[PDB]
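One chain follows as structure tokens, the form deposited without (3E)-2,6-dioxo-6-phenylhex-3-enoate.
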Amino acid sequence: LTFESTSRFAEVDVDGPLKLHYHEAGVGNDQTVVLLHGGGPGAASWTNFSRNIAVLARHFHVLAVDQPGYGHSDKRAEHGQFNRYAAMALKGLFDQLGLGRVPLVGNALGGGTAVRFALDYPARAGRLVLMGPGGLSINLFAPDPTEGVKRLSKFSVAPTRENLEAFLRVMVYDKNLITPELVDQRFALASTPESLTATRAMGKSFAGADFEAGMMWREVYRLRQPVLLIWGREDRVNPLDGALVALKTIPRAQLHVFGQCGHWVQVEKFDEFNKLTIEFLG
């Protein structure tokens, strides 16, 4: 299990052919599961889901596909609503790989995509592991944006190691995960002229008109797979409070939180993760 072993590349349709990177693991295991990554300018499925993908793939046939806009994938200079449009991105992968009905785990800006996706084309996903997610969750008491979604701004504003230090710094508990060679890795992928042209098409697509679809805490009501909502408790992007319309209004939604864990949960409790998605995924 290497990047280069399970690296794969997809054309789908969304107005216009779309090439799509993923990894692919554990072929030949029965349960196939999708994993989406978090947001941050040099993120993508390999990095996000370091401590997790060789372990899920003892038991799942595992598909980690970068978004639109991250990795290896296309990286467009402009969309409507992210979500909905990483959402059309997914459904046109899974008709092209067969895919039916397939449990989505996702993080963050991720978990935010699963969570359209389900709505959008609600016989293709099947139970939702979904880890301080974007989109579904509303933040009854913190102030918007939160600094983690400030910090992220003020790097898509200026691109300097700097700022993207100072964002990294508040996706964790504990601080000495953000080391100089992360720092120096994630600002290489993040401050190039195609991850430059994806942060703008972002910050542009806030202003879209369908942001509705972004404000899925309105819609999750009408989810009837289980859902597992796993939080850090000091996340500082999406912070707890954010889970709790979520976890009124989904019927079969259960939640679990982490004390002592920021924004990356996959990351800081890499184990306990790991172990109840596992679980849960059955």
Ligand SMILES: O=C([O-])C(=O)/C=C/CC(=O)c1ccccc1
Contents of the next structure:
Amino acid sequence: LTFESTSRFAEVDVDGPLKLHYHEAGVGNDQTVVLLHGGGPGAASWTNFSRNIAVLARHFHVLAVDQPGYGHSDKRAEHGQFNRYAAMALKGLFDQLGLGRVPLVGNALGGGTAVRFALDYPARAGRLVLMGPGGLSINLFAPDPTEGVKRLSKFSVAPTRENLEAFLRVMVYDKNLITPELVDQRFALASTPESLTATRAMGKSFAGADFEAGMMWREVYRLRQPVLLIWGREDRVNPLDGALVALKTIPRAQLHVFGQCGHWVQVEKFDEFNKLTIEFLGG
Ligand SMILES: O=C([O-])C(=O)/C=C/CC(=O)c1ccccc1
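Please supply the corresponding structure for the form solved in complex with (3E)-2,6-dioxo-6-phenylhex-3-enoate (the preceding block corresponds to the form deposited without (3E)-2,6-dioxo-6-phenylhex-3-enoate).
Complete assembly follows, chain above in first position.
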């Protein structure tokens, strides 16, 4: 599987044409699963999941979607609360692709979008796997904005290589993962005009008139499906205390925490994460 072989585009309607880029794999597998990546600078489906995608595609029909504002999806300068906006785009994609009820795997901002989708279009979301998710998290102990969120904001204001590297270093427990090559690669993607534009629009959308749509910890008691929360013990973006309200109030919740793991569980605990996900989604 390559970036190019799996690449797909769809045009959906969200207050007008919206181009969504995604990656498709495991065609011919019975159960479809949608992956939604995080909202870091230069983040996209392939960057976030390329290696997980190969493994999951052995078991599932994988659709890894670049959320609007990211990757090769449209990067509008304006939109409503981000997760509701992205969930509307996803609903458009489901309808176009003829998807019924499908499980979703989402990390961070993508976890928030998965949850917003499951709440807004309840018939359409199956089991959820959420890694250090935004939206349904509320940091009962950590002062907000957290270290991770601050570093993202600082880059968005001052898009320097140094600031990007600073952000990446708080995504992981093992900082040796933040190589010069990774930094250089992510910076090239994160510092384009369209990307900076998008990032800004995203952060600010959480404080718009529909900000309550982002406060999903107030609503997830309504979720009827099993939900597997997965957290790195050392997550410095959406820290572990953020898991508690969701764990308490989602009737069929489970939580798995990995020690010696940061925000990027799908990278730092690759094997364990893939196995949990495969088992939970029933493969
Ligand atoms: O994509 C990555 O590099 C990553 O997982 C970063 C996630 C941060 C994120 O989703 C976020 C978005 C908005 C506000 C705070 C946090």
